[PDB]
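*Asks:* This is what each chain is made of:
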Amino acid sequence: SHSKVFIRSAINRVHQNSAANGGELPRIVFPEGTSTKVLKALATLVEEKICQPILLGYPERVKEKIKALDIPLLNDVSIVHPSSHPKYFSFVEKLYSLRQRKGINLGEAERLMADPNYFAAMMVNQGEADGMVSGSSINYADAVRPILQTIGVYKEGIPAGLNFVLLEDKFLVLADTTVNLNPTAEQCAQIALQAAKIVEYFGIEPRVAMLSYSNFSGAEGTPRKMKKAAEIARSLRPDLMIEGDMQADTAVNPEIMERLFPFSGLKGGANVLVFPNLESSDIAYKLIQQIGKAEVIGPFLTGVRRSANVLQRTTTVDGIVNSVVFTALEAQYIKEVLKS
Amino acid sequence: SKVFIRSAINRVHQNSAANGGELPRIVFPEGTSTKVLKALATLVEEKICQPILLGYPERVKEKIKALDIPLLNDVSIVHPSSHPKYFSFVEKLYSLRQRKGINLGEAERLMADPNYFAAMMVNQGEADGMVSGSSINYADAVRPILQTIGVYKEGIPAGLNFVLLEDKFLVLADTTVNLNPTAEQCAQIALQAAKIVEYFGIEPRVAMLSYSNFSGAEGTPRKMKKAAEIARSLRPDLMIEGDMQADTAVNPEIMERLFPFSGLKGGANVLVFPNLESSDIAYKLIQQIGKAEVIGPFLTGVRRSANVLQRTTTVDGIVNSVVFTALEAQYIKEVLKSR
Amino acid sequence: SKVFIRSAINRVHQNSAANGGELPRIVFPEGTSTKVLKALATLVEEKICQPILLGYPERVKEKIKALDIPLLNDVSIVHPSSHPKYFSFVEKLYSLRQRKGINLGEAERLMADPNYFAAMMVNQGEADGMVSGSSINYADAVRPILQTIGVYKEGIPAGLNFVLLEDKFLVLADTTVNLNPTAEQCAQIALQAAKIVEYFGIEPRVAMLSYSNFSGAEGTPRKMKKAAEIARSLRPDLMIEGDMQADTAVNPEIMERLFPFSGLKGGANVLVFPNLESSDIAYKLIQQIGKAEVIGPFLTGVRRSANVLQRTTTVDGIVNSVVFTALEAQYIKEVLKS
Amino acid sequence: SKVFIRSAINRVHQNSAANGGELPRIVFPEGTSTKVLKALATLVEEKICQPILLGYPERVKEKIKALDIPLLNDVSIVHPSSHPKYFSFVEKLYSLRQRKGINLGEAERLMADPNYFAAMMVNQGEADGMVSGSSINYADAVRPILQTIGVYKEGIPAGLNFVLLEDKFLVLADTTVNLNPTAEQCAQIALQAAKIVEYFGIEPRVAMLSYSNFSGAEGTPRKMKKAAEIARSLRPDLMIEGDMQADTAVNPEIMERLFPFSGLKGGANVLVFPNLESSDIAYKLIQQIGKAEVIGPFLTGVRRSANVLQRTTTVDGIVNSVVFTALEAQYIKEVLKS
Amino acid sequence: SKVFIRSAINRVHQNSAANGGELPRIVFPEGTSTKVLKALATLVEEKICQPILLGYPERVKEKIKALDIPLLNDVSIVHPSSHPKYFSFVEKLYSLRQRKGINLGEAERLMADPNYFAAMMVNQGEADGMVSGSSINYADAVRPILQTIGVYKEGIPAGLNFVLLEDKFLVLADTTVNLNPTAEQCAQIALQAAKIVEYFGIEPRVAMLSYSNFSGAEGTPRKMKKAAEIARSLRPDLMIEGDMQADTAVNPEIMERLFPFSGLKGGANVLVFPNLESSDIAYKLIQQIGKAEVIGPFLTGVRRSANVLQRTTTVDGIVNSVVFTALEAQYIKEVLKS
Amino acid sequence: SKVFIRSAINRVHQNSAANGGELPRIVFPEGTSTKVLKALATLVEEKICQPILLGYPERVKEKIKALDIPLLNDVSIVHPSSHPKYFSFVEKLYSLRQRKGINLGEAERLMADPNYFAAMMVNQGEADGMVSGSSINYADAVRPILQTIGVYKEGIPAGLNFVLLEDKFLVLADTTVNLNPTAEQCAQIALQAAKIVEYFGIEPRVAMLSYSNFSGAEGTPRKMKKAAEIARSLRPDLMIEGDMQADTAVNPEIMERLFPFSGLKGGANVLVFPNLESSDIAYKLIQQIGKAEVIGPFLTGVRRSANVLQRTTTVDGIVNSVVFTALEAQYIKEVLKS
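Residue numbers (the deposited numbering), protein chains in the order written: chain D, 437 to 776; chain C, 439 to 777; chain B, 439 to 776; chain A, 439 to 776; chain E, 439 to 776; chain F, 439 to 776.
Please keep in mind that the hints were generated in silico from the structure rather than gathered at the bench.
There may be inaccurate statements among the hints.
[Stated by the list, open to error] Among the chain D residues that face chain F by a calculated CB cut under 10 Å, a handful are:
{"id": "1", "residue": "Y532"}
{"id": "2", "residue": "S533"}
{"id": "3", "residue": "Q536"}
{"id": "4", "residue": "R537"}
{"id": "5", "residue": "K538"}
{"id": "6", "residue": "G539"}
{"id": "7", "residue": "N541"}
[What the hints assert, rightly or not] Derived pair list, reagent style DSS-like, types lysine-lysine, alpha-carbon separation capped at 30 Å:
{"id": "8", "chain 1": "F", "residue 1": "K530", "chain 2": "B", "residue 2": "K703"}
{"id": "9", "chain 1": "A", "residue 1": "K501", "chain 2": "A", "residue 2": "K485"}
{"id": "10", "chain 1": "A", "residue 1": "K501", "chain 2": "F", "residue 2": "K530"}
{"id": "11", "chain 1": "E", "residue 1": "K530", "chain 2": "C", "residue 2": "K664"}
{"id": "12", "chain 1": "C", "residue 1": "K473", "chain 2": "B", "residue 2": "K523"}
{"id": "13", "chain 1": "A", "residue 1": "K499", "chain 2": "A", "residue 2": "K485"}
{"id": "14", "chain 1": "F", "residue 1": "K664", "chain 2": "D", "residue 2": "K538"}
From the three backbone atoms N, C-alpha and C, an ideal C-beta is built for every residue, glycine too.
Just chain D, with the same shape it has in the complex:
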């Protein structure tokens, strides 16, 4: 319901941004050229003029799988087999340059570049595509690895999953929901800032709460970690409301925060919730999904230099649609920053 309001508003901004650039659409690579869910979503994606999809694989198999699934809009989409691309050898040359002191010889580099995930990542790194969406078939850790090795993180950034809680009027941002098992205080602050930047993109003032099982106790263990994380974040970005350690009801409810912790600098309820570990975040957002009838989209990958996202294995087809939009939006924002 609200998610369809949100995806629409997102798609509308995609069109807004494709205007102001000649009309060009972002080139998105899909390493899983024969995935059923991916192909089904590509049907919806090309009518909404969100991207130029690029499938990876043998042109015969993908056209066969496209014909088998009975999908009409896809008979003109660009398809690439990695090792056959004109720029293949130079991509191998580049990967070898990147990882030759991290245990990758020349032959391993070729063998890797024939892997669709690595080729897709290099396409984005080298500017031959604008973004990529992978991982509907392999586990997160395996899917995000070629992205991190090829594309890498920007300075001081950290790869971190981010989910949206779609409410009636506003939204919440949850991080990190996919990557860091047990982030330190320094890592949590960085995760906090990366979520805040995304909130700023929607023109909303970010208000960040570092979650714990405690209210401002700073006790040894995760309370001190989340307290220090709030302190680190505030020193790194003094214009923002960042607070912790605090419980989740205190974070989202401005009434509880006011009555019980008037000294707190977080006023008006948080819209960014930073979790102390992957257990609490992954369990939290999946329980919100299943039990409280509430809308959840994501995860969307933050902290990487170029536009890339990783889909979960249990992803829905709308999941891939949502993921491709955020990949498209991200790709466009990076291009604007690059020119400036």
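Following the hints, position chains C, B, A, E and F against chain D.
*Replies:* Using the frame of chain D, we list chains C, B, A, E and F on its own:
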């Protein structure tokens, strides 16, 4: 919703009928608490317990009248040091903790604390249950309970919350006590939750929650996989499974489609969390940002009936605690009468 | 023996004479304690302090009347929740501990505890010193002191004992607070003891005790050696040495024959112990075995004058603590006006 | 004071009586030491042992001549490498430590060291006991005793001191060997101390010392409580209690008044310490600044009778050590012949 | 040199001539590799195995013609998803790892990987051995083998190399898998190499190598000493010794002069290294500067016969490896019939 | 091979001919050793050093006579305790180690050991080099050298071996001292090896050895990579690279073909090992089964020239050690007169 608490009160009447008509004696250490007194008005008319307030009768009668509560003008009030059994309670506490740093003077000083006195009352049979902690933090309120009343054989103190949906309920544990429970501790927490589900004539189906789906990967995945295995060996008749994610756990369709080998069929109703961060954050987010009725926490694993309120408790919240404290007291009373 | 307490008391008179005749205000949280009131009989006659009792005026006057103590029926008595500054005290404790798990209501409940109120009186200047802990275990009695008053910069809380000999006294630390002090902590504990020795006009000679003689071997030998090195860099004018055994420390004849290189000349008067096992056992053995007088313990390292009595303290003990609390209060006032 | 050593001598002669009139053979590795020879003078009139001095007989006879000591000019003197059994002693040491880093050549080099040769003499029955180490530090001097003679089954090397008061005595352990004994090790130390107490016909009453009174708190309190439990299980006829403070341990009035549940009634006489820092500091502080005769340390837990002198040992010290080495040698031989 | 491969090849013919004349089936996942096909040319003349290539038959026949290798125009070629047992293979991989993070779809994706299919072919008996990894790094190439085929009870995957001298040969382990094996792991590794030496009718003599000679000191001495003990108790008939230095192990004359007690007599022929750093550096230095022929690595410890080539392997390497894969396949089949 | 030792002697004569003709005084603590005396015979005709033997002059002259070696019947002989400077040597050791558990008496006992006395001779300028330890294990023989002579600023004691090939040589370090050098320590080891290569006028090219090729993976790969990086920053003119396997390091063809990005061109001549297990095992295996001439170990990183013979030393081995001790002593002298 409210249907659940209504059904609970009926079960209390059901048990008190067939037991003379007697109500359980519940002592409340915070005799001058505003919230406690306000809730007790609702409670005695519902015939849930014989309340026993602790404190100076002078202060308590002032606080009762100042708030203007008519139903309470004859309910029992006790000051610890004036009670006939005060001195023997001291000698019992000193006996319990004399090799844990408590000298005789320290025991007297402690036994004057309403929390310790209430706990000793339940331990000695001078009351049937107690409810504390509306004014102090969880840790400080549960300490006298664990030192005086203690844990039963193989038990572990663990808080349990109910997620009330429109058809059935889910139970969450441990939501209040254990920071980072071991595989062995998780298994026991699962078993304690399972019995509370069984009291409701519901088949327990237990999921050991994780961020992973049957990965057994090193870390909390392996811990929850082991917890499920330990629990299954202690109670082979129960559906106990893990490690698994929360959506996989509660949704029987996802479990069926994606993990058919799993022994957990029909969606879990007991959720065991890997650590206090995940459980506290989960159930509080379910409350605040979902339309979901969550009641609790209720303390499991203790030898006698005692429950601890949260500092942020509501008045119905205190009613809920008193109902399950009464129910627990009645169940424990029945087991003892066959032992 | 008693000589030491007399000279201490007379030095209290010196300072009150040199400051108008005013006495330091001492708060006693346990206003109805039998031992405390008995000691206060001796103290108010000796013009040591202005006592301030905490409790309900009724009960303390009952216990005074019951104990048949005539001298105390006019002494200042305060019930915490009735003092005018009670609520502003609550706000101050809340201001201190709001990010340490204390909400506003909790601060009120704490501030009604005579110990927390006594500490707050001292921190806020409504009194100059406090003496607590005749009824609760050390950790519980010292907690409000550390949370409210806190330590001065770079300081560390440490119990300190005097071994009263014929000619001189020895100072033992840390005898009550730190389970297993680090090398950095030992140096500080030593420096805190040395100042106390200097107050008595004795040149401090400090030994970091160990089971070893200048071996520096891994473990507490290396720790006590390193501690002495830290202390020396902070105070190059002091005799500080270690690691060394205790007979080496107190007996200069052993030092002479076997370790001439040691910079410790003339036998120690400050003994710093490597851990609480060794210090508590040592001073408790000196007491029972060997008729040697031990007074104390006295708390060092706190910003304002505060002392914790042992639970099983005698009346002479409470007298000693107040004298040290008065003297500490007088010294702190002289330091403050600078 | 002196009464203890007197009664000890009386027991040595009592044991030599009812055993032929023969005295135990004690070897002294430091054959040219002045202090040792001076004590052997006092010792040989008391007919405590047959001394065996190690060294070159020429130098040794010269040093005895120089010091003007008439009684020692007919005592046994041995040069290690000249002894008939020297090389077979080498073969036995090599047999013991060849998988612990000692080849045949190192065994030769080692067996020439008088301490190693003394230990091997005692182990192989060429002597009954040894007293060594008057010139080198404890750790290095006790090493050959442990490498050669070793511990009895389940025993643990542990030093023991006596605190002599005028009515009774106290026993302190372990004051020389174990830095940080586990709870099991403390229990074993406790048992070894108890056996020595029984040898003097006194009922052993054992206290596991800590900084806490029956607190069982994490750390050394739990360790010492656990140790007391293990000791009680191995010797249920003994009074063994802990964790407890030292004054609680030695003063029966405190134990009664404050800890009536405690099974330790009538004051402790075996004090087991939680770590070496506390034991060494405690007993040296008792000696240096208390009126208390302290003798020892005596090494317990080893298979055959051997004792190590401390560097600060007096000549009267060497007398006491050899007296107890004798008693240990007589008892240990009697157990073997049973 | 060449002698060694010849004796092995003839041993392959001996066992096939005594088991009907059949050859063991070997799967090669990298069916279009130049080096793999080049070695298979040499092999098919020598009648060592039935080769089974994995890949698209078209590409493999194309590559066969291109490389101008005439002998291979009839060898079995299989495309994984086209094999009849493909889907039951998927279901079998799924049954093994469904509680190890692999769902059904992931299993299908994996089973199309030639390395995973080859392992499953071996596990299910559609082949007797496999040789992989001529293009990928060791760790990634060994993983499907360990996940699918696995280890026999108490075994441990361990790389093993032969140092070919002209009279005898030496065996080095573990040269590929374990970074820092425990003492138990070393013991098991030693036993696995020992079984291979026995297969050649040579009485095995095993050295647990260290930087030390029988010191047993904390660290790697203690580890290798304990490892030898564990191995000896598991296999009392074998000459197993350690800890010892390398020359002590391989030079029996040094062992004689300096360590006669060592149970290792005649110079070792099995060298077990304490960690991968020492073994990898040792054998590669033996290879490069010492004129010394080195073959391997060959993988030990797995339930069925499988071997991993290094990515940088030569063509003779593939020949040797397949010979060893065949011998292992034959032996394991005989063990299965027992 | 034999050329290298010969060429080395020529530099001894060149440097001595460039300093008057004086030869370095080398003290040998094992004065009655047969192997040592025999080597001195070969050495003294080559005018390499002035030997200084330690021991009783009576015995050493007997042993030289009995052994029938004419060239040594006037070489300097010293009995340590008879030396005029003996007691001041004691005082200096005492000055060095008094806060490391050595009192005056322990210092005397040590200084009677020829090794400690020889080291003190070199520290005090009574000699220019020493060569010891043909009878004791490395650790015990190298200990007095480090305690007395010590390390130069920022240096680290590290053993170094030469692998003599017929065109060039390799240097292996650290093959005797450091169990598990940190990345900083490895870098320092490399720099010290690099210095010695330069003394021979060869451009040093350093490879940090590992089980990995440029993987930087956690563990010893990351350690050696960081080590290579630290060294490059401290000595930017040198080819220093890592982590890399041993064959990659020594074979320039592999480095070219497989790691063209590597800054190490033309094959390594300095190999720094990650730990003592690998370095000790590597070179002894090179020695025994690679039948490659390997000399050393030679101790680097010490302030004055000192070397330790191995227990397994040959007579020519002692010669090689003495020659380099002479060279080191000469080099150290030139630097001192800067």
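*Asks:* Provide an ascending list of the numbers of those earlier hints which the structure does not satisfy.
*Replies:* none
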